[PDB]
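Okay, here we've got a single chain as structure tokens, the form deposited without inosinic acid (IMP), with questions on binding and movement later.
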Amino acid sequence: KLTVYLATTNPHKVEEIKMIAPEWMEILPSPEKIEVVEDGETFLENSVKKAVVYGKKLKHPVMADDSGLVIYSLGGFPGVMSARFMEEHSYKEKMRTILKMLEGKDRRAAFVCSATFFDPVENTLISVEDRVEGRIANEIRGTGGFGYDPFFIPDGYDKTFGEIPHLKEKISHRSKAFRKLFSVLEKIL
């Protein structure tokens, strides 16, 4: 009933969103990789920018995601630099480095997702945020998920998202933010 483009060519993000989409939404990947300067100070600003840039180009409803790992004891690092930090290195190398940063520090953290819908015909924009609170593990565990998953333990669990990646579908920042978005869209469309 509604076909919507995603404003990301990140395969892990497309998979994760497709698997929680409502029965009434056909989610397609953008058929063009569009350049976006992601220079927002916050996830919301980057999610909105991407949504707007893709929507103006495609002239069709789009959704975007800007997301990140926030470690409270490190001033919220890496945050909006989650991908850009050590971007030519593997996530395993990034996690080993961040584990060294946290020696002697409080390990509380969150993954945060800002999910944005833009219809460029009507000029309706809806952006909502959600998060999964947790803590950084003391070592990397598992190879499931992607990115920082193998050292993030969600609230309520003792295993990392690398160890129990199936739980992302229920409790991740992305699943929660996009379900929050879908709920709004069900009300207003």
Given for the second form:
4 protein chains.
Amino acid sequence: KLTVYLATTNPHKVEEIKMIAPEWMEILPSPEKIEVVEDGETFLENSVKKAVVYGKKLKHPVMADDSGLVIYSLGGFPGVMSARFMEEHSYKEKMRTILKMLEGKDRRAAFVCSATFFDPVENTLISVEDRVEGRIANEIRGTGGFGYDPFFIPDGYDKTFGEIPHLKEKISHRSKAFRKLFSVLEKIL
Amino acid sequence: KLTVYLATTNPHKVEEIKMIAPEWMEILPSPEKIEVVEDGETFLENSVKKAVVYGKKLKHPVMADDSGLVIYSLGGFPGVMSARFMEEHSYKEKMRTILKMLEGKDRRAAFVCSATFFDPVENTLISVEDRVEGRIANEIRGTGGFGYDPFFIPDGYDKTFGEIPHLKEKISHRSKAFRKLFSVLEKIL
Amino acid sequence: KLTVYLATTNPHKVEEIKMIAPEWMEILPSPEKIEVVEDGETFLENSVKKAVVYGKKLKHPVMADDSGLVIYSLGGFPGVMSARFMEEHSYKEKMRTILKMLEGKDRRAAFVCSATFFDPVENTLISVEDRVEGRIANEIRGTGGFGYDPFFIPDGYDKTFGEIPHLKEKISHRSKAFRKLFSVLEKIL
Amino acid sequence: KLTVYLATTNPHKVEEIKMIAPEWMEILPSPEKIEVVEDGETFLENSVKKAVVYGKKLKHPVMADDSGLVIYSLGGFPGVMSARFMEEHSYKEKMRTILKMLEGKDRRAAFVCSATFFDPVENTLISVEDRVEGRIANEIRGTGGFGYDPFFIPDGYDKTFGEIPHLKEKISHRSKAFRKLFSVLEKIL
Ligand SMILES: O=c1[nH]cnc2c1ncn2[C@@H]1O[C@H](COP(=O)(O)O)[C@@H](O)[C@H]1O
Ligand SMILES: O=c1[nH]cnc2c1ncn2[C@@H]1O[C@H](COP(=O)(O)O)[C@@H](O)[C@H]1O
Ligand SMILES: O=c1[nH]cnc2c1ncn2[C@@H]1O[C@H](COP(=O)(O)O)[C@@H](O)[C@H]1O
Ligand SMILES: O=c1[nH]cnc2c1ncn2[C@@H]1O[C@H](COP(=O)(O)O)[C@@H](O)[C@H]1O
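Here we have the form deposited without inosinic acid (IMP); I need the corresponding form solved in complex with inosinic acid (IMP).
Let us now look at the entire complex, which starts with that chain.
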């Protein structure tokens, strides 16, 4: 019933989103890579900006994700800088560096995801945000998911997303933000 | 139930949105006169941007409106330039100059309104758009309403909005978009 | 010595810049088409934005031009909208329409040009502006030049730039801005 | 011969620029604290942007500075994020955090400054950039200067700017860049 192109370069993101989409959602890969200036202050701003740039060019309904790691004792770092921080380096160096940052510090943290729907024919835009609360692990563990998942432990668990990647589908920020986006969309039709 | 501020400096817009409020919504003018640079290409971009800027400086749900007159035979002019066009001059003078532009041309026009709700607490953003098709009168009539109302005739009528302003309450771009917004809030709150 | 690419999509601007160029400059068109959202509210802001965006992507010194027609009685219209106004129509039609807007108004106008140099290796940016004061003719005449030339009369002249386009080399907004820019660069080399 | 306002919120920048002002220039703080979203990817873009905004509000010549600390082994961190990083925390906390990140890494870094002049009357804008190269110390020393001074050691010295702040006047990113700017001006004017 509703068909959408995904506004995203990230293949792990393509992956997570199709696997939690209801049957009434068809989620297609964008026919083209489109440069987006990601100069927003928040996940919401960047998510909307990707949805709008992609929507205007493709002239078809689109969905966008903007996401990252928020560490409370580091002022929300890396936040929107999640990818850009030490971007020439491996996620493993990034995680080691942030471990050094956190010695002696409260390790509370969250992955946040802003999920955006834009229909450029109707000029309807919907954006919702959700999060998964956890903590940074004392050490990098496991090879599942992507990015910072090897050192993030969701609340109510003692393993990292790198160790129990299947759990992302159930409780991660992206799963909940998009299910909450699907839910709104479902209602308004 | 739901209090909301209006992300605008326009009294006329505040009046018009105030009068169509649903029973479950409280609608207040914003307590700050915040400057937003309206550099969007489209009414949606500007709407969305006022709502984010207002919602962030206020830390409370906001609604914003970006609106204008679009005259097809003039390329959609004045469009997002509706206020900035000859801004030091009265609307009378603006309407006069646009009448000259239109001599001998198809007179078909629309008012368009991009209506956006932003909740900065949850990060929920909803933006919708509507319009009233109509045409430019051959002369300026009435004093009702505001802006271009005195020379705009909605389809199915022969008086301008400046002549029959009460009719705005029922069929205007602003009345239609904001109801479209309420019907969305209602269904998802 | 100094080679610059021009951060422009306008081949008339290219040829006009080349013909006034000092002996020590080499001026080449951009080797790549790059998209820039011209969302500045002034010429200076758009000129600087084109220079920066093209400079950063080309990794090489560049120059940009933002230019337009400013008519005083019309609040400076079309201004930054010079190109966008009625952009699907010919200039003849955009002129006819502005002729209609000028009936019974003061006819004085200026072309304005913001000329920018950007060296992205040193991060040196230099932006200078000039103008040519004149007035709008009562009709369109000449096929020379480009854009609004055929109804623009320079102060101290009888003929429009469409009739005497050869005079642009000496006295246009573009000739004066760029030579001002060449002269600043002379001193700082 | 020239009264220029400083487009800045930083009392410490105010003082350090003031003290290297050349004879023909009366450098003042700005009368008004004005909101500027520093959303640029580089120092130059933020510098330019602060200059333009202030200069449009104030209608007089202004100068702006955007500056930060660039640590090479950390991908250029904190860079444009130099203030915003851990912004609710003291600079002692920030520097302590960054020492941890640097354990086992190349300590080299630069303070960088983009110094921009903007005349909103003529529409002339000049932006130049400079840097002071140096290294992060293994410890925080001295309460001189500001920000990251107490753990930055300019090349060829053994003291942090925290310990020798009076040498900034002569060798800092800021003095060099602002003198580079001054130099360029008193050729043209
Ligand atoms: O699910 C996640 N696991 C690990 N890292 C994530 C996840 N979601 C977003 N990120 C981080 O956020 C950045 C990409 O988000 P983007 O800016 O939305 O493309 C990368 O640093 C990711 O590693
Ligand atoms: O309901 C309408 N009637 C007449 N003019 C309107 C209406 N809505 C928007 N406008 C015009 O469009 C501009 C609205 O400014 P903005 O939405 O704040 O960018 C002003 O020129 C208004 O006069
Ligand atoms: O030298 C000129 N003669 C006539 N029109 C000009 C000249 N310079 C700029 N323009 C107009 O201003 C606009 C240039 O738009 P820009 O590409 O955004 O700088 C186009 O409308 C041009 O036709
Ligand atoms: O001379 C300096 N010494 C120490 N820190 C500096 C200096 N100049 C700039 N910074 C840092 O750079 C940031 C300035 O950011 P800005 O005010 O946004 O340009 C602040 O975090 C400063 O602490």
